[PDB]
Amino acid sequence: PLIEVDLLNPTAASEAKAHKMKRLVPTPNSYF
Amino acid sequence: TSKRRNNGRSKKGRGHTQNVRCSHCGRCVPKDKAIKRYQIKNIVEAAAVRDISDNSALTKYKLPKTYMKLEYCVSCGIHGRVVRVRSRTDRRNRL
Amino acid sequence: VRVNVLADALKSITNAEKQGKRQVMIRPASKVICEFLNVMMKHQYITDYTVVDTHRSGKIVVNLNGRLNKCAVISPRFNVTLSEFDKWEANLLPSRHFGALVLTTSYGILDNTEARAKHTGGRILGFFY
Amino acid sequence: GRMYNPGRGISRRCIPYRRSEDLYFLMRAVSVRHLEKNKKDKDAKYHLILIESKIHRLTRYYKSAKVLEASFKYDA
Amino acid sequence: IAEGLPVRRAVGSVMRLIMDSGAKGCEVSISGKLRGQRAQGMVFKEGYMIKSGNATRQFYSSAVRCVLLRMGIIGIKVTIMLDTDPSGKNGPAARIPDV
Amino acid sequence: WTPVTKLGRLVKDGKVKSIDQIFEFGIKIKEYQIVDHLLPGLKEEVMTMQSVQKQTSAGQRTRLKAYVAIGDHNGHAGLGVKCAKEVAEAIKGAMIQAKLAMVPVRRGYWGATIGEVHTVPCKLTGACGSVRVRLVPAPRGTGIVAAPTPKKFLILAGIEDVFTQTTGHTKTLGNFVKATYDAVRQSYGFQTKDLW
Amino acid sequence: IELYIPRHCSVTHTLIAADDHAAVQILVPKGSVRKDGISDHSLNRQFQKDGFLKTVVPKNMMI
Amino acid sequence: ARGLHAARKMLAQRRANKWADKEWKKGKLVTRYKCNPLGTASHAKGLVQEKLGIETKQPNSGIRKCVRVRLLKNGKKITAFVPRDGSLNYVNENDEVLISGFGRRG
RNA sequence: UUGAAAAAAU
RNA sequence: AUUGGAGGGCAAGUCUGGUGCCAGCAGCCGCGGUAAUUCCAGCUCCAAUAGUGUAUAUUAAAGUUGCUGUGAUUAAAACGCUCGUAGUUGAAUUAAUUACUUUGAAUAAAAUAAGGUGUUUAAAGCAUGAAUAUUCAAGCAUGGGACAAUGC
RNA sequence: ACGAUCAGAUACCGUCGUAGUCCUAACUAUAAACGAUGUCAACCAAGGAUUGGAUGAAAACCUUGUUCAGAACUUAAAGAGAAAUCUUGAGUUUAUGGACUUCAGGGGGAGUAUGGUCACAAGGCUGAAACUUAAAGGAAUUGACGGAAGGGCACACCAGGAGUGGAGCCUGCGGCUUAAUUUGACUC
RNA sequence: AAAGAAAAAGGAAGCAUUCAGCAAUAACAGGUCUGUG
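If you're matching them up, the sequences are chains A, B, C, D, E, F, G and H in order.
Under the working numbering, the first sequence has 16 at position 30, and the numbering climbs by one with no breaks.
Under the working numbering, the second sequence has 351 at position 78, and the numbering climbs by one with no breaks.
Under the working numbering, the third sequence has 101 at position 37, and the numbering climbs by one with no breaks.
Under the working numbering, the fourth sequence has 100 at position 68, and the numbering climbs by one with no breaks.
Under the working numbering, the fifth sequence has 97 at position 94, and the numbering climbs by one with no breaks.
Under the working numbering, the sixth sequence has 19 at position 17, and the numbering climbs by one with no breaks.
Under the working numbering, the seventh sequence has 85 at position 12, and the numbering climbs by one with no breaks.
Under the working numbering, the eighth sequence has 12 at position 7, and the numbering climbs by one with no breaks.
To be clear, the hints were calculated from the coordinates, so they are not data collected in a lab.
Yeah, the Cβ is synthetic: ideal placement off N, Cα and C, and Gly gets one too.
Check the hints yourself; a few may be wrong.
[To be verified] Examples of chain A residues toward chain C, derived with CB under 8 Å:
1. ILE(-11)
2. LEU(-6)
3. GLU1
4. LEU10
5. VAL11
6. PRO12
[Claimed, not checked] Straight line, CA to CA, 30 Å or less: simulated DSSO-like cross-link-like pairs of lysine-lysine:
7. G:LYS122 with C:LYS85
8. F:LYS195 with C:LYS95
9. F:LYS94 with F:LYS154
10. F:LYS87 with E:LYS80
11. F:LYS87 with B:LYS276
Build out the structure end to end from the sequences listed, making use of the hints.
Spelled out as structure tokens, the structure:
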């Protein structure tokens, strides 16, 4: 986006909204 | 070059649309390229709507309305004053 | 498909600096991609970078400060003889005191300023203004 | 993107960050060869050609991996 | 013009001379075979100059001249827009004094 | 004489000494008389005369459009365009616009830091219309290897050794000089290493 | 050898063009950046570094 | 076809794409030695057969004096432009006349 | 409702 | 001491007689249909100078053959679409050949650029012989394995 | 094939009618087969809205948040272009190189001839030269023009009055005539 | 909200009160060298 944000460290709220493969470290959304 | 961005028609993701017949000249025109107008008209015009009510055998009869959808082509759509030629920067108006 | 991982990386950095971005992300990180950034850090065209470990050739974040003008890759790496350096400097670089080529040699990745001193040639990876 | 249809899906499994048959399933070609009853199904005839080349693509690769002996040949 | 000076300079000097002599505007017209066999015509103007009205009788100073050249004849017309010195005010004018 | 802008007053009252100070801070030169004071003795040059015609219901209103480029050989150049009925005013009206459109031209060396500055510091290309002119640094030997039309301009800008490659419809003198002028306009916008 | 030492943008650290008229200069006691709406936010990243602003931009946007 | 090992496609493409020019192609077809009345010769000697006058094109007017000349090496017929004003009188019937091209190449 | 054409160059 | 020109490209005449879209000049744009800056002539100067016009062919301009270096909506030009062999191009990762790269050896002279050398200068000539560098493509031996091709 | 209209109409307008239009089986393989925009891949400003899913709140449908795929749209003071325009590129290109395939080299001749090949056939695919010519062509500006539209105006017309054209005569013009019947002007 | 439009009364005169002269930018290859010293 035009409004640049810090991406080396992401916010905890913004990580949970991104696609599971588009995070800084892709992690599954499944439990158990 | 391109006088219109959508080439006059209104099809984007389909390669073919069935033809329809123009209501004035009967010219085969595509479904999207056609000019579609929906007409609502009472069978009895306003100059004679009260004439029926003076002598009507019923009591609370409400006169119905005619429901016809007219499709024109460009050749007699413009000639019929349904649409007109617009300015170059006024062509984008879509309301 | 992805033919050259370096080619897509450099154009990401070139486009980012044209938009004034402060740091950009390159999803793949090969050995040459990291090595190429090391050549551009000695000239102080970038401040520093990082290599996130993702177990799938993790991303790289490049920190840049409005200094990189045009970093580009070169289509299949041509064999640059030592005597042939003058041919490429006069074309690929803007001036004799500004540009910096990048080459790959057996002694590791080197730039044109130092590879001439080491007296060696080899293939060419790209350049940066 | 897909090999034949120009669709680009990115749905995947994501094996987490911690460490603590395909050829047989394509012989779909048998199921389509339905072709005998509907000989005019030109859309299934085209889709069968794609599947036939898919099998003729794993055959060419599995042979170089020595999984299948070089005498393997697919016939209906 | 008889001396051979170009119309762009010889006329311009006179057309400047009238300008700083208190004249509101001037009109100089030259026509003839000045350039080639085909005829041409140029009309020069500076300042303010009205053309329609009775004021064209009480404010104009016109004169028509013809100069014979080696090739033919050239006509020259000069009309000068006078000022308030030939006393008399124009039609459209208010000039409201302020206290 | 009789300035009306803020910058025009300071130059008239001897508060601004060098033209480059105006260029350094992006100030806009809104009067041509300012250039007549900071840079006296400006060489004049008129590249060509073009007659443009407008068709009307009676005839063709022919008007003359003049391209001129002025600037001392020390490193300043400009270019202005103006059209009017009379040829005398077309050059006269182009004097003003060329003065208002002066830009500082940066020059450097080619191989060694030996006085004095002769050539462009690096490679630049004028972002004109269909014409694209590329400037290449040249050694002390070769002069301005260029077409006669941009050679007249590059002499005024002060460059004495340069190499040019011309692409596009170069027969259009309106865009030929404006390609070179735009090439030298961005000479100071290119951030080299020494300007860090 | 240099006509003048050119100015520099304090937001993106690139040179200021000789005729970039849309540029500004703010003294409290580039043109292309301004015309995108970034000049408002980019200054906030620069104001807060020197402390003129305290808690206007979140810490996850300050680079 | 930019690849380092693809030096056959690029060469074959240029060999194919070079045949489409109107100028160099004339230098490899065997037509200069066959259809050109001059061939590769600078000048052609011939014999006069007929005196003819070709009217100019649409914008211009007038009759251009010319002669129909039959060569001695090929025997073909070519119309030749008599050079100067009133120079048609100098030429005669059955005499050696030199014919050598024109300003436009070939 | 009908409604065709305007010799070549300056 | 001549050749060609004196409308633009391209240096040079706002000179006088004839011809009246006819003769004609013009590589191109064009100049001539009774007031020719271009024709046939009379006067002058413009470029070169033992030189100068002409016709053909080679090269550069031509980024109009394009690896360096083109264009593909409308100027010329994206196969109607898909499958597919040859061909080209093929993600990251490891603390036996070949290619690549640095060196040498040998490598006809003449010639290319020249080292030296007042044929009076120069073109020349070698009257100390420049180490003279030359070898693109291949081949021989060798330091290195980043990028690469070959499969256990 | 008739009937109209027209100078003619062998056409547009009206009426009738064989092939065809429909299904099967076998051929043909061309279209403005068009988004006149090849296929795969990385980056890419702001905004509304839509189709199919996944995840929360609101308790299958409806309102809303995050995210993936798809056909599109609005703005751009930015990028490109010769301009129209393009932005899910026609951007990242004289600061020129991500990988691959095809096509084009001024306009005619001409997709013609010959040769080869496929098809029952019409035809398709491959496909030049001889010769001829300073232009052909692309996007936008002004003007003019429209048996194109919109808005206004004029004894231009409507409602009329007087008439001219018809008759004798004055006069001018063309024509004939002559020794000469002097000449300029030829729609407003 | 306005420039303005219309009726009637008054007024000698209320369509710009009516009719007239001058009347711009640019052009015709319009007529006159049978008007001229």
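Now the hints, each set against the structure:
1. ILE(-11): violated, 11 Å
2. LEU(-6): holds, 5 Å
3. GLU1: violated, 13 Å
4. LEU10: holds, 6 Å
5. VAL11: Holds: closest Cβ of chain C sits about 6 Å from A:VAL11, inside 8 Å.
6. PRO12: Holds. Min distance 7 Å.
7. G:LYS122 with C:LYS85: holds, 18 Å
8. F:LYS195 with C:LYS95: Answer holds: F:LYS195 to C:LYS95 is near 28 Å, not above 30 Å.
9. F:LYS94 with F:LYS154: holds, 19 Å
10. F:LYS87 with E:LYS80: holds, 21 Å
11. F:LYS87 with B:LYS276: Since the Cα atoms of F:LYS87 and B:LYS276 sit roughly 37 Å apart, the hinted pair is violated (cutoff 30 Å).
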